[PDB]
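Undergrad: Okay, here's what each chain looks like letter by letter:
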Amino acid sequence: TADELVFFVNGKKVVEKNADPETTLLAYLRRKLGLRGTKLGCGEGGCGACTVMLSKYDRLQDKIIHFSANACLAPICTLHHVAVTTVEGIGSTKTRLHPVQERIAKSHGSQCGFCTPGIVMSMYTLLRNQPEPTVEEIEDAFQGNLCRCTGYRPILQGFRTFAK
Amino acid sequence: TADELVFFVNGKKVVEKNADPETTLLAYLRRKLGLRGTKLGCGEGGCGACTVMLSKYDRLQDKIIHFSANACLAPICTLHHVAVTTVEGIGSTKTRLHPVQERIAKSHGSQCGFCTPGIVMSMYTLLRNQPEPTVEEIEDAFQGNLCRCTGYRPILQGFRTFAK
Amino acid sequence: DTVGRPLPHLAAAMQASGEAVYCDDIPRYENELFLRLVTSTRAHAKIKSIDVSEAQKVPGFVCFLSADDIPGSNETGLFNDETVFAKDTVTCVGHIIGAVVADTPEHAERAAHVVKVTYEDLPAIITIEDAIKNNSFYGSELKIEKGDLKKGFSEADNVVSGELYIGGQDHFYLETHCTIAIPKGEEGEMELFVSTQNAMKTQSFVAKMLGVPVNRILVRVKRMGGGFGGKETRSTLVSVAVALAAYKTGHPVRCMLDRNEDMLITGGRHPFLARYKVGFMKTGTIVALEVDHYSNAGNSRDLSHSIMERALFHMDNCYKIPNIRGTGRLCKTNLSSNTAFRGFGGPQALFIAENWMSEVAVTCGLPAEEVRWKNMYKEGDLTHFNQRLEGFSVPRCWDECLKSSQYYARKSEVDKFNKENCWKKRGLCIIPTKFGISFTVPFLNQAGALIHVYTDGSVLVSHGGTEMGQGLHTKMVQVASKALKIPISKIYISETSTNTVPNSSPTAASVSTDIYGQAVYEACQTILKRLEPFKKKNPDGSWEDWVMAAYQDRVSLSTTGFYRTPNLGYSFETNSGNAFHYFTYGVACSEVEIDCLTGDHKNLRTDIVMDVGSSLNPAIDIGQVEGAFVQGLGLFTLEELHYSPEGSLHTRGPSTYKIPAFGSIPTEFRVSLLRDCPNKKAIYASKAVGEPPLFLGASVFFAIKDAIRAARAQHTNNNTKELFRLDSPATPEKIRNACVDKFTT
Amino acid sequence: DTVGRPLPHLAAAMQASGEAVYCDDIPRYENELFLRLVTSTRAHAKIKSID
Amino acid sequence: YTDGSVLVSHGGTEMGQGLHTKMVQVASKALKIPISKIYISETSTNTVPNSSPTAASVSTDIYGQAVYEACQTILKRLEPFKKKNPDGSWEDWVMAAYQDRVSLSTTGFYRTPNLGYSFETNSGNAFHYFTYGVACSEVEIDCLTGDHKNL
Amino acid sequence: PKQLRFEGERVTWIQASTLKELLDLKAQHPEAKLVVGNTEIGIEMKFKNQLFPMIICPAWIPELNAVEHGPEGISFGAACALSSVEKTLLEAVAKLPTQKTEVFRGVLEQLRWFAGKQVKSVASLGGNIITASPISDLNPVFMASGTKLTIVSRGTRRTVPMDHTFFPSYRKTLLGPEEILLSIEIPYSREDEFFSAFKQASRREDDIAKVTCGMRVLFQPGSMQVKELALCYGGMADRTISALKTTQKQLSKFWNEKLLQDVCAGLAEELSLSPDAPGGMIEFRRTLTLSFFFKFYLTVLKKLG
Ligand SMILES: Cc1cc2nc3c(=O)[nH]c(=O)nc-3n(C[C@H](O)[C@H](O)[C@H](O)COP(=O)(O)OP(=O)(O)OC[C@H]3O[C@@H](n4cnc5c(N)ncnc54)[C@H](O)[C@@H]3O)c2cc1C
Ligand SMILES: Nc1nc2c(c(=O)[nH]1)N[C@H]1C(S)=C(S)[C@@H](COP(=O)(O)O)O[C@H]1N2
Ligand SMILES: Sc1ncnc2[nH]cnc12
Ligand code: MOS
Ligand code: MOS
Ligand code: FES
Ligand code: FES
Ligand code: FES
Ligand code: FES
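Residue numbers (the deposited numbering), protein chains in the order written: chain A, 2 to 165; chain B, 2 to 165; chain C, 571 to 1315; chain D, 571 to 621; chain E, 1024 to 1174; chain F, 224 to 528.
Keep in mind that the hints are not guaranteed to be accurate.
[To be verified] Listed next, the in silico SDA-like pairs over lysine to any residue satisfying Cα-Cα at most 25 Å (straight line):
| hint | chain 1 | residue 1 | chain 2 | residue 2 |
| --- | --- | --- | --- | --- |
| 1 | C | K1275 | F | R426 |
| 2 | E | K1045 | D | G574 |
| 3 | B | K14 | D | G574 |
Worth flagging that the hints you see were computed from the coordinates, not collected in a lab.
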C-alpha cells in the first residue's frame, strides 16, 4: 500500500522500501548509508556544511541539470529518480583527489576542516555547470557557505586559479 | 503463516516473531539479547562453558522442574513456554553476588575465569533441586564441565561447604 | 628539516575528502542509545513539577533522567557552584534540569520537546545595570594601582570621562558539543570520545559525578571542528549528562547538540561595561587614568575571575601611563554562565583603552597616529603591573605598517572623498596591540609528552595538547623531526588521551606550541642520548639500524618529557613578580566606506604587520593571523546577541546571528610577518600566535567611527572637537542613528 | 601491605558473575562483519582451482 | 592522578595466572598505599612499546621490577612535599606536587643482568636461577581393562 | 510517470504527477500542505513545532514549472525555483531596452544578497509568496507592481493583480481552502514608468522588523506629473502593507522638493510605530522608510531631467 522510493547516491542505486516523509537527506546519508563526509552545522539552511550536488534529467528542458542543495532541508521524498553526489563521490586519498580537493588543501584553505566538504561541493557544482568560470562567478558560489577559522582569503586565492 | 515463539529469560518475556529452526540458544542469548555471561567453548556438548538452567511446568508430572542444559545444542524452537536462567540472572557485583558466586571466587576456584559461569550454573541447578546435597551429589554435578587452569581441588573444597 | 617552511596542515587532504573523523562521525554500536537535554524556559524559578507521561508515548523512548538518578555527586563546575541537574530551583533560561534517552536522535528530540515543566517565577537579574543596583557580585573587587592619582589629575590640563559598553559573542565553532560514552560493565570503567580542549577536567567531573576513582575513566580526543575557548570547560555539561546515561542504562550513549541548543546552553564571551576618567596635557600626553570594569558573568563562576585578571593586565595597551588605577567586578546574573573565548578578557580591556585614546586625540584636535605614538612605551619600560618590556617591537611594526599601507597618501584621498561626497563617507584608522603570553594561573604552565620508537624505526608521539584546526600536531611533528633529524614521514601523532599523558592543562592561552614543543623536545634528547652508542658503532648505517641494535641490546625506546615555565608568579599585593613569559605584538590599518543613509558599510582594505619571532610555519601563522582578525571584525561590527525583557535569548541560528561571510572581508587583505626578530624565550625562537591578533579587528571599528565623525561634520553641527558615544558592536542600526541628519530628526 | 598474603585474584568476583569481558563479549558495531578461514584438506598438494 | 588514584600499565598480559593481582600487590607495598587506590586496565602497544611475549614464567620477576622502579621515581619526586607536610595524607602530597608543577608520570624499565650462554666455549649463564620441587604419587591399575585410579 | 504514496510514523506524503491529481487531492483534503523546496515547512516542523499529517508535493507538474513570454510580461510556474526566475530575468534584461525592464531589475536586486545558491536552487516562487512572511523581500515588489497571480481549484480559475487586500492578517493570504497558486506574471514597465527596490542590511528577530520595499511611479506622457504612485513595505507591521493614504495625496502633483517633503511627512505619520512595537529598532526603521524614498526620489530625477 506504499510505493518504493528509488534514487542514486554516488552512481549507486538506493531502493527505499519504507520511506518516511520526515526523513532528511542529511540524516539518510549519515545514519542509513554510513557516508559521513556531509556534515551537520545548523539544520536551518544557513551554513552549508551539508552541501551536496543534485543531478536530474529535466523532462521539460530536455537536458541533464546539475545544481547544489542543502541536505539538511531536502526531504528524501522529493528525490525519486534524482542523482546525489557527495564529497566521497568525487575523489579520495585512497585513490586520487579531485582538483577542487587538492587545491583547497595545498593553499591552506582548510584549518579545523569541518566546513571543507561543503565548500568543496559548492566549487565542484560551479565547475560542472561552467568549466571555465570568472573570478566573479567564483566568489558568488559561496554565499551559503560559512567558515570560522580561515577568514576566507586563502580559499578564494586557491580557487581563483580556475578562472579567466 | 508462522507462529510466534514465546519464552522467558531471567524472569523477562521474549516474543520471537520470526524464529529460525536452526538458531541455537547460545547464539540467541549472545547475539540477539546481548547477554554474554554464557560462553562458547566447543559447540559439541563436551565442555559445559555454555551451561544454563531450564525451568518448566510439567503438564504430566504436575510440578515445576529445574534442570541444567547445554545452550550450544538447544534449539530455541524446543523452548516455547520454557524459562531460561543465566549467570546474570542469579547475582551481580552491581547488586549482590549469589552464594554460589561468592564461594567459588573467594576459594580461588577461578583463574582465567572462562569456565566459571558454566560451573556456577551447574552448582546452582543442583541446589535448586536439593537445598542440602551430599559431597557425592556435588562431585557428580560436574561431569559435563571442563576447567584447564585450576586442577579442580579448590572448586570442590569451596563447594563442599554446602554439604551434609 | 621543515621548521620555518610553509608545510600544509597534516590532515588538510583528508579534511577536503571527508575522510577525517570527528566525534559524531564514529560508527555506532548496535545497542547504542541517544541523549537530549531538557532545559529551563525560565530565567529564575522554583520547579514545582516534571511530567513525563507524554514523553513516554514516543516510540523508542527509553527513560528520563534527573538529579535523583545520580549515584555520586550532583555538585560540579570549576568552583563547585554548579549542579549537573537542577533540583528545586532554576537560575537561567538554558539551565539543565534533566535528560531524555531514546533509540534514535529523532526520537530523542520528539520526546524532550514534550516533557512538561511547571514553574513558579522568582524575580530576576539580567543586565549589568541590574547587578550593580542589586549589588550582585561573585567575590570581591579586583585592583591594580601605580603612582599617585591625586596629583596626576591635579596637574592635568584636561580631563575626559564617560561610559562604554561591549556586547558578548557566540563561539560558532562549525562543529557543536559532542560526547560518546562507552560503559565496560567492570569496576566502574568507562571510555569517552569527546569534542573538548580539556580532557583532564572531563575525566575529573565524570568520576566525581559517578562516585568513582579518576583511574577508572579514559577520555580520548582526536580532533575538534573548532574550539575558540568554548570547549575549555563548558563541554562537560554535555559530557557528564551522557556519562550518567551510560552508567544507568548499561549501553553506549551519545549526543551532539543542535546549533540552537549550543548557543542557549554553553556560554559565550563576557560583555563588559566600563566607567572611565583620563587626565592629559594639551600635547596629548597622558598623565592619569582610572577605570572600573564590570563583566556579565552569568549563573556560575567558571573562568570569570581569570578573565577579569587578564583584562586588568591589558588596560594599558601599548601606552606608558604614570598614574593609574583599574578595578574589576564580576556580575552574578540569571543568564547562562559565560566562559573563555579567544582573547580571554584582553580584547575587552584593549577596546576600552583605544576608545578613551581616540577621545584624547579629538579633544586636543591633533591627528590620531601622532597622539598614539607620543604615548608609547619605549624599550625597557615597566608596565602598570611592574613587568619589564624586553624586545618590545611595536615601534618597528608601526613603522613598516605606515610605509607599506601608504598611510599618509591614502589619508589625503579620504579627505578628498569626504569633500566631494554627501551621503557616503570614508574612514581610516591605525591601531597597535600587545598581548601577554602565559596562563595567569602559575600552576597551569606545565606540559608533558610521551614518545615511543618501534623496531621498524617509526615513531609515535603523544602530548597533552589537542587539535582544533590551529595546526598543533603539524607543528609538533616539525619539532620532533628537526630534533631527532629524521624526515616527518617517519613520525605520527594519533590522538590525545588521559592514559598516555595525565593531568594536563586545557589546550588554551596560546602557549601550547611553546610548552608541548618543549616537552616533545626533551623526550627527543633522551632518545638521542640512548641511541648515541649505536650511532658510534655503526657511523655509516641508517636510523633503522641504530634502533634495532638498541632494541637487541635491551636499551628502552620509550620516554616521557616535561616542561615547567620558569620565573612566573605575579602578586596582587606587592604589585610584582612576572605574570607573563614575554609579549606578542602587532599593528593593523583599515579603511572602510559607509552608507550614511542605510547604516551599511564596505571594508575596502586592511594591512597587518605582526611579530611572531621566527615562525615554525609561516603558512599556519599567517592563517592564524587572518582567522583571529576576522573573528575580531565579527565581534566589533557584525555579531550581536539579543535577549527578551524576561532574559530569554532570541538569536539562536545563522539567520539571526551573523558571523563574517565570504563577502564580509576587506577587498584588499594584506598580512606580513616581521623579519629578523628571534624570541630567546620559546621553542626554536618562535612566538605564540593564536589570540594576540584578534584585537586588531578593532581597527575596522575605529575606521567606521572616523567616518561617522565626517558624516556628522557634514549634517549635524560645527563642533569638530565633539565627542559622541559608540558602543560595540557597531551594527547598521548604531551607524545610521549616529549619522544624525534631516531624517533622524 | 599485602605481599605474602592469600589475596583472591582481583577479577575473580566478576568472572563468577559473567561481567568480566573477553574478546567476543565486546559489543558489535552496527556495520560489523564476520570472517571464517578456508583451510586445506590435503597434507601436501598443488592448488589447481578455487571455486 | 590529582585525586591520588594510580593507573599502572606494563608489558605483561593476564591469562588467569594472576599477574595484575601481583603487580598491584607490588605497587601497593612500594608506594605504601592500600591496593584499593591502584588500578590496571589492559595491556596496550601505545602505553608500553616493544614488549616480549608474556612467557617463560618470568613475567612477575621482570614486570615486578619495572613497576618497582617507576614507584621509586614517584616517591623521590613526592619526597620534598612529604617533608613540608609530614602529618598530611597521600592525597595532600599529590595535590601539592601538582600545584607546584612537578610531573606525576613516569616510565620504568628492567634488564636481567649477567645472561648469555655460548654453544661454543660451553659457558656463560643461560638462566638467572632455578625453581625446584618434588612430587610423590600412588595409583591403582585394573590389569584386565587398562583403567586406573589416582589414589 | 505516475502518482506515488509514502507512509510514515506521523505523515502521509503524496507526490502528484498531474494538475488534475493535485486539485482532486486538495479538494478531498483541504487541510493538507503543499511542499516544493521544504525551506519553510521543514523549519516549522523542527523549530516552530508544527505537525502536518498530510503533505502533497506538486513539483513534478508541468504548469507550475512553465516559463511563458506574453505581451503583458513574463509568466512563471509557481514551483519554479528562485534561480530559474533569476536566470530568466537576467536574460530578458540583457536583451530588451531599459525602459521595459524596471520591475525586472527590482526583482533582481531583492534577489542579490538573498541566501546562497543552495537555497535559491530549491526555494519556489509560489512558496515565498504564499508563506506571507512580514519580512518577505519579494511580496513588497510584487504588490507595488500589481504582478498578476493565477489562482485555481477544481472548478474555479481567476487572475487578480496583487494589492493590499491580498494579505488580510498575520501570515494569511486571500485564497480559499481548496485553492492553489498556479502562476505569476511579472509585468514589463510602460513609458514614463520607473521602479526601485531596497532592503535593510542585517536582521535580528525571526520574521519581524526588517525594512524591505518596492516603489513605483507613473507619469503623464513626456511630463513630470504623477499619475500613479505605489510604496509598499515589509518589516513595518505583521504583514506587507502599502502607504495608500500618503500616495493618494500626491496624485496630479509635480516631482520636486515639495513632493519630497509631503511624502516624508506622510510616511512618518502613516507608518509610525509604538515604542513597544515587536522587533524594536523604532527610530532606525522610521529613518529607513524615509531614506529609501529619498533614494527613489533621486533615482527617478536622474532617469528624467
Ligand atoms: C537560509 C534561508 C534564507 C532565506 N532568505 C530569505 C530572504 O532573504 N528573503 C525572503 O523573502 N525569504 C527568504 N527565505 C525564505 C525562502 O525564500 C522560502 O523558504 C521559500 O521561497 C519558500 O519556498 P519553498 O518552496 O521552499 O516553500 P515550502 O517550504 O515547500 O512551502 C511554503 C509554503 O507555501 C505553500 N505553497 C507552496 N506552493 C504553493 C502553491 N503553488 N499554491 C499554494 N500554496 C503553496 C505551502 O503550502 C507552504 O505553506 C530564506 C529561507 C532560508 C532557508
Ligand atoms: N582554526 C582554529 N584556530 C584557533 C582556535 C580554533 O578553535 N580553531 N582556537 C584559538 C584559541 S582560543 C587558542 S587559545 C589557540 C590555542 O592553541 P595553541 O595554544 O596551539 O595556539 O588557538 C587559536 N586558534
Ligand atoms: S590567562 C588564561 N587564558 C586562557 N585560558 C585560561 N585558563 C586559565 N587562565 C587562562
Ligand atoms: O585560551 Mo583559548 O581557549 S580562549
Ligand atoms: O612460556 Mo608459556 O607461554 S608456553
Ligand atoms: S547544516 Fe547548516 S545549512 Fe544544512
Ligand atoms: S576550517 Fe574551521 S570552519 Fe572552515
Ligand atoms: S560450548 Fe562446550 S558444551 Fe556448549
Ligand atoms: S579457570 Fe581457566 S578454564 Fe577454568
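Undergrad: Would you mind marking each hint as holding or not holding in the structure?
TA: Okay, the hints, checked on the actual structure:
As the CA atoms of C/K1275 and F/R426 are separated by approximately 22 Å, the hinted pair is consistent with the 25 Å bound. Restraint check: the Cα-Cα separation between E/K1045 and D/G574 comes to about 10 Å, which is no more than 25 Å; the hinted pair holds. Of the pairs offered as hints, the one joining B/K14 and D/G574 is violated, with about 49 Å between alpha carbons and a cut-off of 25 Å exceeded.
Consistency with the previously given hints fails for number 3 only.
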